[PDB]
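With one protein chain withheld, the remaining protein chains of the complex are depicted in position.
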Amino acid sequence: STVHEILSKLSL
Amino acid sequence: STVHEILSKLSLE
Amino acid sequence: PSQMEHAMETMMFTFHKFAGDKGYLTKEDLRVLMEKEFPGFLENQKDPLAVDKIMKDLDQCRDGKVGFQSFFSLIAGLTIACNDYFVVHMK
Amino acid sequence: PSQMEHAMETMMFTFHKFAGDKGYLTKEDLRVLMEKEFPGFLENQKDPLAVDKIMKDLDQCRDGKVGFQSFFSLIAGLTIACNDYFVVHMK
Partner (left out) sequence: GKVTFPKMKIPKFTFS
């Protein structure tokens, strides 16, 4: 659940 | 548990 | 089995799930795979061509095929960026 | 979250659990980490300096510290060898 959070605040 | 099995059959180098 | 072993098996099983007996991923396999496993990641990129940006530098050779090791470099890149984020902030 | 997100997180958290607050691994941490996470793997290396030899491969900057990216390189090497064996004998 913390990985999922971070993945959505992240870009190429 | 398949990874666990495979690991015990591996070695270095 | 340890937690790491389960993690490793999961990555290994996820690759084969979306690559099939062909034993590799095409752009489309990759795109489905990202859609099923990393949906919030894709939606946060407002670009209908993220899978294309990503496919591009996985496919160093331009054969449209992405094998397991290359697949692992994708997961590696994400997890690394998450960790960096995590270190700067969440603790 | 997805199967992949779960697996990724356990990889992230495993690092930090053994790296502690200093945020990196010493050869001691690495050795403990593989003892707990891949005991069947160590128990099959005839070599007694095998951890030391993995440390040498990981420690590119020769500063005795192993960071997350190096850690992931380890897991990479392990997971890719598993998958190789998997394809050959098991799939």
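Brief remarks on what is shown
Going by the order they are written in, the chains are A, B, C and D; count residues from 1 in each one.
One rule holds for everything that comes next: a contact is a pair of C-beta atoms (placed from the backbone, for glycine too) under 8 Å apart; a residue touches a chain by one contact, two chains touch by 3 or more.
Residues of chain B in touch with the missing chain: 9-13.
By the touch criterion stated above, the residues of chain C touching the omitted chain are 54, 57-58, 69, 73-74, 76-78, 80-81, 84-85, 88-89.
Where chain D meets the omitted chain, the residues involved are 54, 57-58, 60, 69, 73-74, 76-78, 80-81, 85.
Just so it is clear, only the chains that are shown with their structure count from here on.
Separating the centre of chain B from that of chain D, both taken as means of CA atoms, is a distance of 13 Å. Inter-chain centre distance (chain B to chain C, centres taken as mean C-alpha positions): 23 Å. Across the assembly, chain C contributes 2, 5-6, 8, 12, 38, 78-79, 82, 86 as residues in contact with two or more other chains. Residue positions of chain B touching 2 or more other chains, listed in rising order: 2-4, 7.
The touching residues of chain D, counted against chain A in their complex, run 1-2, 5-6, 8-9, 12. Of all residues in chain C, only 38, 40-41, 43-45, 47, 50, 53-54, 78-79, 81-82, 85-86, 90 touch chain A in the complex they form. Residues 1-4, 7 of chain B touch chain C in their complex.
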